[PDB]
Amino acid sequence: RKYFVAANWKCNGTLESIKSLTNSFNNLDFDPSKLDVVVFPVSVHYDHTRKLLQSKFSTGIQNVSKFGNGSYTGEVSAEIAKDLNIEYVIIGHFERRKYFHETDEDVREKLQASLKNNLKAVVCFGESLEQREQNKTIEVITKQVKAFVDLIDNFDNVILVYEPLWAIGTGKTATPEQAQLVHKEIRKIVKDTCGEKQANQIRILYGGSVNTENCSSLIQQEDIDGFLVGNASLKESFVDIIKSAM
């Protein structure tokens, strides 16, 4: 299974910083048929970013609507994304679950709309610190995955991302070891409700704090197929995090 490295620039950037950052990325020599590298810029920055990035890199958007075309002011539907040749979309990120009250049901409806319009999806989930302290991680993870697992028609087109909320912003850290354990568990859940061939071809990315110092330890875990990088993707050094996966 092919490694996946994604850059989530979130709500950051200017036309200038993006011109400056895309040039550094373009200097990276890599074969896109042996590694997937995706960049997710702010929606209004999309065209500009797609024009500055060489086709080596794939591009997507940070969110997509659960509804289709219609009277939904401010939403970007999956068909609109499809019409523009936007290949990937991020769904269920915890900032969207937290600041904007997206539920597991919004996650599944968005995943369905995306698959219906032939877009590839990056689905996020993970447990909070309160839930981990109560030894409930597996119960919470299985509930979040069950909400949408039955829609995956092609296990190459849907990528899973585990976000260890308990270790995000709490002033706690995750050891690659503690991450690999959850990934293994997630893969077992996919094996048991979808099949063995499906479980072994689907990528499960680590979605915690990833930098140039620990990216090598994480990728080397058999069940960690890459990452969804936040802050560190806003720096030129991000080319180093991509090298570790090749």
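Numbering follows the first chain given and starts at 1. Here the rigid core means the biggest group of C-alpha atoms that line up within 1.5 Å when the two forms are laid on top of each other. Only residues modelled in both forms are compared. First, how it differs from the form deposited in another entry.
- Here the two forms are overlaid on the core, and between the two forms the C-alpha of 170 is the only one among 154, 170, 118, 103 to shift by 2 Å or more.
- Where the rigid core is used as the reference frame, a consecutive stretch of 3+ residues with C-alpha displacements of 2 Å or more between the two forms occurs only at 166-173.
Right, the form deposited in one PDB entry is done; let's see the coordinates for the form deposited in another entry.
What comes next is one chain alone, with no partners or other molecules.
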């Protein structure tokens, strides 16, 4: 399957810092028909970023509404995103589940809205440190995936992201062994509930303190198809992470 590398800039950037960063990104020579590279800038930065980035790079937004067009002040609907030809959306990111009270119900409704409007979605899930120490990792992960897996119709348009909460922006990356185990179990869940062909074509990425030093060993794992990169994507060295996947 095609490897996938996503840059989640989260809530960072200025018009100038983005110009400098996109410049470095554009210098990397890579074939978009062999590797997917998506950049997710802040909403108000979308037009600026899409313009500066070369067409080989795909772009998207960090969140989308579970509602349609209407009286929902502050939200961006899937219909609006499609009108702008925004290709991807991130759904269920830990930070939205944590600081904001997004639940599995919100995740499934947002995915349904996205697929309905032909948007490609990057869906995140993962267990907290407390759940891991209680050995509930697989139980929690299974519940989270089952909350929306039946909605997936085209397995090339939905990308799964295993995000252990304890590894997000902390510097404590999951070891290749740890991640591989979880990814293998996730694909088995998909295989058994959706089908083997489907399971083998869906990308399952790892997210959580991925950097230029550990990316190579992680992507080498049989069931890790790429990554969702946070803080490391705000640096010019991010290009080396992309290189590890080509």
